[PDB]
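Trainee: Listed below, chain by chain, are the residues.
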Amino acid sequence: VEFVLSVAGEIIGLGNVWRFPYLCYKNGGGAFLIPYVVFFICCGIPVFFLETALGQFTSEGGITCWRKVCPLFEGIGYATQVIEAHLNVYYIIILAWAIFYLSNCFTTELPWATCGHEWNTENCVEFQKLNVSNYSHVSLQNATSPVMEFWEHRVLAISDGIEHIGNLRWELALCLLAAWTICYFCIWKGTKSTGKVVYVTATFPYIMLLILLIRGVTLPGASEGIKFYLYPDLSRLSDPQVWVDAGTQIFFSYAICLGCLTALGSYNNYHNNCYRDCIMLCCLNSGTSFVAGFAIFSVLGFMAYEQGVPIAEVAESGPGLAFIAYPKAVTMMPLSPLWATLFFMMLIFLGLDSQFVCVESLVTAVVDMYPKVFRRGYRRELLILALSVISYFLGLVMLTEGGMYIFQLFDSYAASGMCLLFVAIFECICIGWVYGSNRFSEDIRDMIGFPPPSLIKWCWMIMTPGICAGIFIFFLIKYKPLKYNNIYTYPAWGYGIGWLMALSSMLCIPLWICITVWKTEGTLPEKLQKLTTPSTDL
Amino acid sequence: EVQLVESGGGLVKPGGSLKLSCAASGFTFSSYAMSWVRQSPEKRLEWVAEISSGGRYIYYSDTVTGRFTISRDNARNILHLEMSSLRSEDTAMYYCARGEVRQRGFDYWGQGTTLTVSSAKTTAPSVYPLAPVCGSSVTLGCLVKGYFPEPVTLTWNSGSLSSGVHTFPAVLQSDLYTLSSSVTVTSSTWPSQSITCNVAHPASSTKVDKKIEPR
Amino acid sequence: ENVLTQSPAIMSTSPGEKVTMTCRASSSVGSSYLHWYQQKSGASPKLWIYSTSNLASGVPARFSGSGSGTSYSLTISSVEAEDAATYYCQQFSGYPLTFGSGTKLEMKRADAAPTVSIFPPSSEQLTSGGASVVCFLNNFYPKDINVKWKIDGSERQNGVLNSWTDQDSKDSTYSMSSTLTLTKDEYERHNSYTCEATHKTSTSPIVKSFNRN
Ligand SMILES: COc1ccc(C(OCCN2CCC[C@H](C(=O)O)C2)(c2ccc(OC)cc2)c2ccc(OC)cc2)cc1
Ligand SMILES: [Cl-]
Numbered sequence: 057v058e059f060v061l062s063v064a065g066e067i068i069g070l071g072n073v074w075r076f077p078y079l080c081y082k083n084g085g086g087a088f089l090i091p092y093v094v095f096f097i098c099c100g101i102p103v104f105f106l107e108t109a110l111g112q113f114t115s116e117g118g119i120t121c122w123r124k125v126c127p128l129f130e131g132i133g134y135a136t137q138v139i140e141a142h143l144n145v146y147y148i149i150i151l152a153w154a155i156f157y158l159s160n161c162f163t164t165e166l167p168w169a170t171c172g173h174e175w176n177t178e179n180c181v182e183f184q185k186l187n188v189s190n191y192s193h194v195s196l197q198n199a200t201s202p203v204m205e206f207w208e209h210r211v212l213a214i215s216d217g218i219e220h221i222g223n224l225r226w227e228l229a230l231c232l233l234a235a236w237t238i239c240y241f242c243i244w245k246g247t248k249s250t251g252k253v254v255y256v257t258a259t260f261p262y263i264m265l266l267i268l269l270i271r272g273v274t275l276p277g278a279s280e281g282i283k284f285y286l287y288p289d290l291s292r293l294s295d296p297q298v299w300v301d302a303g304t305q306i307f308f309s310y311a312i313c314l315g316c317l318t319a320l321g322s323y324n325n326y327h328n329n330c331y332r333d334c335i336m337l338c339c340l341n342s343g344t345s346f347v348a349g350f351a352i353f354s355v356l357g358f359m360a361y362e363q364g365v366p367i368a369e370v371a372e373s374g375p376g377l378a379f380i381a382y383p384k385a386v387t388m389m390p391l392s393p394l395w396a397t398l399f400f401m402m403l404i405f406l407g408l409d410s411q412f413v414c415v416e417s418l419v420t421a422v423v424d425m426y427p428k429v430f431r432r433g434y435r436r437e438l439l440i441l442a443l444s445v446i447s448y449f450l451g452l453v454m455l456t457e458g459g460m461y462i463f464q465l466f467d468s469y470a471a472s473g474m475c476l477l478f479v480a481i482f483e484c485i486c487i488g489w490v491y492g493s494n495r496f497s498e499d500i501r502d503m504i505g506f507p508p509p510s511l512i513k514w515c516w517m518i519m520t521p522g523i524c525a526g527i528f529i530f531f532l533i534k535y536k537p538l539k540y541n542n543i544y545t546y547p548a549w550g551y552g553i554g555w556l557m558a559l560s561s562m563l564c565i566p567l568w569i570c571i572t573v574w575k576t577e578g579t580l581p582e583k584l585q586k587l588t589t590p591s592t593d594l
Numbered sequence: 001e002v003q004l005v006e007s008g009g010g011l012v013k014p015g016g017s018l019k020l021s022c023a024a025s026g027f028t029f030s031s032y033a034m035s036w037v038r039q040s041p042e043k044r045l046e047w048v049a050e051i052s053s054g055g056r057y058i059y060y061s062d063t064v065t066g067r068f069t070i071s072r073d074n075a076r077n078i079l080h081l082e083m084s085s086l087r088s089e090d091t092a093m094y095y096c097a098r099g100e101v102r103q104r105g106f107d108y109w110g111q112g113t114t115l116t117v118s119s120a121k122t123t124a125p126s127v128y129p130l131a132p133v134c139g140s141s142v143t144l145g146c147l148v149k150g151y152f153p154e155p156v157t158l159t160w161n162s163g164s165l166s167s168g169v170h171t172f173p174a175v176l177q178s179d180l181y182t183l184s185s186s187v188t189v190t191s192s193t194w195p196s197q198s199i200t201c202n203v204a205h206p207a208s209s210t211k212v213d214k215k216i217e218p219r
Numbered sequence: 001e002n003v004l005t006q007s008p009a010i011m012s013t014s015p016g017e018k019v020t021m022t023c024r025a026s027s028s029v030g031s032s033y034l035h036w037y038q039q040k041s042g043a044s045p046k047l048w049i050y051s052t053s054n055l056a057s058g059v060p061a062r063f064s065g066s067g068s069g070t071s072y073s074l075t076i077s078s079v080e081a082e083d084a085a086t087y088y089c090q091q092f093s094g095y096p097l098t099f100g101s102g103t104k105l106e107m108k109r110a111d112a113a114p115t116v117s118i119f120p121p122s123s124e125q126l127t128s129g130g131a132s133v134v135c136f137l138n139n140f141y142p143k144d145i146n147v148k149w150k151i152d153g154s155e156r157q158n159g160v161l162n163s164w165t166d167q168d169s170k171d172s173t174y175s176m177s178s179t180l181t182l183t184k185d186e187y188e189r190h191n192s193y194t195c196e197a198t199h200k201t202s203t204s205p206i207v208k209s210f211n212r213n
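Residue numbers (PDB author numbering), protein chains in the order written: chain A, 57 to 594; chain H, 1 to 134, 139 to 219; chain L, 1 to 213.
These aren't lab readings, by the way, just hints derived from the structure by calculation.
Beta-carbon label-pair distances, calculated as ranges:
#1 H/209 / L/148: 37 to 47 Å
#2 L/159 / H/169: 20 to 30 Å
#3 A/522 / H/44: 45 to 55 Å
#4 H/8 / L/166: 23 to 33 Å
#5 L/1 / A/522: 40 to 50 Å
#6 A/251 / H/25: 51 to 61 Å
Just so you know, even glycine gets a beta-carbon here, dropped at the ideal spot from N, CA and C.
With the rest of the complex left out, here is chain A:
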């Protein structure tokens, strides 16, 4: 079925197989799901339905849609542009690490499965050469599993501080260059989709996730990992970090407030069903996130079983959990290098598809907003090459010895936290109060046939902005510092630059409001009347 194959080619992504178990292990195991399902019900469905319906209604790019829906709140589009720029900066480095893992995979013995190399320290131990072994005192002397040592001391060569930026890793730089040039190849030759290439590269991630889950439940001692994954702690619910990270994991995995969802709506015709597609896409995305959570948490439960250390601190808990638990899982398969290279090629495919659609949405929005310059002299591909070069040069600051902290900062403060919360708040205020939810419900009735069931309407008015503003204020007043491996206590200038770019991602809305008020002034009531009123027939 063409409908089943194309939809399944969009449910999976790196935000479900890499970011969700990272956020579910850093911010408490079982306590992450309680604000996960709340935002899933109250902010995933309504805002996903809102952005898809607005994109299909206006049927154009992601920032001029907000121009013709509400010219006052046109700054919501530019914030999504800045979020897209930050994502395209840091969503390609994950593919660089997966390429580096793919480069080292083609060997009869896996690099992350032995306790002897140039990077393995004295406190290493095999954890496989003997059953009872000689641990429980080596663990007191900080015993470390070989994959946990391999990732740090060879993949990125971690340093003891963000102020300790070491030499740039040239192998990772060539990996990033390969990732950017294959993304540019996908831009030029590869837009012509369908054929025999979609029946293979869409069902492949589900087969691999199924076999990885089947292995993960077969791993001994995974009951402890699943219990840690499911049983919640209320003391781990008392902090705002869990709520913020769960809400913005909902917003990130669904591409909510990123900016490409308005472009997704414009691709469909005027009479496509928003409600059924939104419901089934969101439910299947949450389901595959839940399945990947099962797989990784069972694997690290087995890791904590085979070590003497408990579950809470057995992996990195930074954004390399999918690069630590999953390569640990593939070591136990028969014919391990084949499964490892198939896994890493899966990661390349499902990261490259999302990076492709992100950069394509960004470039088509920036050439729709600049129509007379980039559509007359055959320079759209030149702009794509320039954007790729610029994002490759700005992205290289993370590839150093100490750039992992910079990557963690931009991951938690660019397409996450206050940026996504602010954009969702202002989006829902715009639709529910400025454009009018009755008018938008009438537009949805004219589009798909039936109005929203008024639960989504009341979510647009009072539920979603209320809960997101509550989470915003709760994070603001009770500030908690961010720690990389759950204990780092970042320097103040790192928090300063993270908050600076998080502001610059979200201060574009009131700045655009201010310059729109100043540019066309007819005193306050005429200004608000002429800015509230939409443009043309939409």
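Since chain A is already given, all that's left is putting chains H and L with the ligands on it; use the hints.
Mentor: Using the frame of chain A, we list chains H and L with the ligands on its own:
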């Protein structure tokens, strides 16, 4: 519970104009879209217009577009449909349907205002009593000849008799209508009980009762 | 203009009998947009089946729509006297909206002979200068009954009225009315007035004569 009562309609000249009004109650009129459905005298149903729940998404059929406008008023919970240049082809009995969810259909309908377009003139009905023959079940008749337009409400003995009554649909010739009705009565009932026939024509306000003897 | 047609336009169903209507669509229509209605004889239509599978509130479960694509059908298990009406099919897929042609659900039963009753015109009828003699045919089945007027020594064709009653909800029969329109000058020029109709109960038509005397 929900009453989609309708007003307006009647005899109009060809090329004139009419303003049908549909009044809604028992529900939120601003939350459900509205449509007008007409029924031809050949009992053929077709859709005329549709306005959305707000009042800016307006659709028409290809037979009434350009001449027909549809309005709305969410304050007094009323609906409108104004037409211009009425010909002899768009005579019907217009319904006030209610359809908001396109997967649900026109769930609640109205009553139906009879609309007649003709070059004829209104004529008062001439109720003609009928004398039976001079059996067991003696029957009585009361025909109405020469009225216009449809419809005319007719009962027997001012609505007190409703069992065994058979009325007939109107028929058009020479721009006049003809209607008849017959009842079945027992031998003891007639002519012991004075049976009369009443007529109700709204277009002429005629109310005349006729009772007949076996002449 | 998604031209929907329904066959047959006229049908007759005995009680407790299988029946299946159809609604052929011109172009393709969605499976969840085609509806079915029911209009009683002398009442507003009500929603009966929506999205070709479901039933409206108050509709009995013996109704069941079917079909998808372009061929759609309405199936009733055991009909009774309470659902003798006309059914239309609608679509909201394409604009402008179209309805079905309408299938009339009729009932059959053992044939009943007509009760022919001739009514001579009253004394006031000749005041206007015309002649209007009327014959009433009541409680007869089926509707395909021909009537002729007999005057002097021949039959009459000009000035014959016709009026067919719809299906009765009491005994499921028709009622036929015929009126002869003439002038009072022609009334005094004639003395034979007979109306007859050939029913299917008797090959010889039932007759009823009268004289102006
Ligand atoms: C299989 O590779 C893909 C996975 C998802 C998408 C969609 O977003 C991508 C934006 N984002 C980036 C951070 C990581 C998120 C993740 O990894 O999930 C995804 C997408 C965006 C725009 C489109 O039109 C141009 C079409 C699809 C996506 C988003 C939500 C969704 O609903 C469940 C389905 C698809 C596209 C390809
Ligand atoms: Cl997710």
